[PDB]
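Next up: just one chain, as structure tokens, the form deposited without its partner chain.
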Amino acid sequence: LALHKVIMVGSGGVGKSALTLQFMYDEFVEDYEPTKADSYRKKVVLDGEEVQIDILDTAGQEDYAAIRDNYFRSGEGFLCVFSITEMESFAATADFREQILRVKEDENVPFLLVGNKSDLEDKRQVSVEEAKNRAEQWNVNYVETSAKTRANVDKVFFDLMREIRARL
């Protein structure tokens, strides 16, 4: 079976684990150890083809640059998550983008910009417009998600796998 290697990236508290665990276990997990990294594997049927998704839920603990680059080099697609309620996490997505591009050397690396916590509209700090503009500058798709309501959770994982399938 095709194995689609997905890596979750983004700064702390944006929803990397909550998104992963909603996708994996259909549960909104609000207390997942912030420093714990883990891998998840699931068989899924992608546009009628049984595939395996492998998700690396990164937690930012790896500080040795060669090892961080090794992890990114093994990834095939990236969900680059920020929280719409924390402007600084949106700014931080630029760094993850650059790190990925240095390692993958391919501006067309499968990559979604993911604005999570769409259920907290009253706390929004990042406008839809500015996130869409960034995605347009990078030529990536922008999707807003909620790990709490499940809004667009399957979409980001499936659409990323579709990009992996098409591009690699």
The other form holds:
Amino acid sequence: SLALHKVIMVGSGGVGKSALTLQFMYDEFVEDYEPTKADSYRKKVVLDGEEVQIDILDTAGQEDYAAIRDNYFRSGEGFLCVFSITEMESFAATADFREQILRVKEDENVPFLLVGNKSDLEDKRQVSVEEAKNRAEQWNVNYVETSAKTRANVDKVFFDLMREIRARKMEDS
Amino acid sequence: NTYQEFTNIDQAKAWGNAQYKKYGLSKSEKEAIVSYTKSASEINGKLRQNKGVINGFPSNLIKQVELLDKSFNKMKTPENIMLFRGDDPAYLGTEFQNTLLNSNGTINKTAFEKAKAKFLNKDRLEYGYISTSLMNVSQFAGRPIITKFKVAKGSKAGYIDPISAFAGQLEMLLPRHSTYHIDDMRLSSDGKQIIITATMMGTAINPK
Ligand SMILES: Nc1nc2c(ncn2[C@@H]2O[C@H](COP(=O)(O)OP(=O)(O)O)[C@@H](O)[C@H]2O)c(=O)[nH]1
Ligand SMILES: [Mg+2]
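Write the structure block of the form solved in complex with its partner chain for the protein whose form deposited without its partner chain appears above.
Every component of the complex follows; first up is the chain already shown.
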């Protein structure tokens, strides 16, 4: 009888979906983790005084066709739309994930977070804070820059996404 | 004169967006600012550390300070406004660090009186940039000291929320090396918070 917040990691390949999951889970910066490797994780964390359990699906994505993708998009409760601040292509792609996620869940207000990862690579930034923050405002969601390397804001994105999921569960029931 | 104090978050945001859109900040000034918001603590700390002298700053930081300073030539408040921010006991002095508070969490009567004796009715020079907000947000509330800054029309002040790492909300930035007069210092009904009302006088850094 414990709350379970199912989080799904989305974003182009090589943006840091795995590193972020692993940094949050085992507090380590795992580099170049198998690109095509997918895995779900489930740990217990205390969210604002209350103890809950979080489930994180670290998607590979290279071959998750319509039926596979639709199933977990539909099952997932919260989404972390991750991209790399040093790769403009991954940022542009975030609109595709958003779109597909809202199409299957037939909802324009699902728990969602725009995450610009690799904030430690400021010298290679290709996406401006202004641009990303603006998009987040358009989608009516928060934008957070993280660094799976320095661990900056990693806990924040996962706990903030939960808070959004936990609140959406209140509106319903 | 009259001072515009925001009470509706949407009105505040709309207003801020209205000014920001007019700044016409270069890419470098925006970047300089985003960088300030990512490490305000280090930058302002280093500015206090040297009482404001920057000729000892590495090229990267000294370059950023210059951009920061001059960006204010583009950011002025069109009217009288009230800016808010919170601080800890160290703000009043090292000798307040572990003295300001009582064990029950309220401001200590004697500590407060010494605070007034030390600051009330006196100008104060801040070596670092002053980050504030257009409204009394939650980013504070749980802080021992609250300051209401009265910024007059035409003063250097810029809404930088569109490019900050959500350091609270409704981020407002004031120039470094500014002086202000503390007109009032009182306690809240709570008794666990000092409310400081001040008049912003301006900065000594006016390049260009
Ligand atoms: N500098 C830096 N590199 C990162 C960061 N996060 C991931 N990386 C690197 O970016 C590459 C892709 O990361 P990965 O976690 O595999 O991304 P995924 O494809 O979204 O799962 C790997 O070489 C990582 O070591 C970060 O925060 N900073
Ligand atoms: Mg991966």
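Numbering follows the first chain given and starts at 1. The term rigid core refers to the maximal set of C-alpha atoms that superpose within 1.5 Å between the two forms.
**Student:** After the core is superposed, which of these residues, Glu130, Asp38, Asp119, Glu62, moves its CA 2 Å or more between these two forms?
**Tutor:** That would be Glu62.
**Student:** Any chance you could measure the C-alpha shift of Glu49 between these two forms with the core superposed, in Å?
**Tutor:** For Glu49, the alpha-carbon shift amounts to 0.6 Å.
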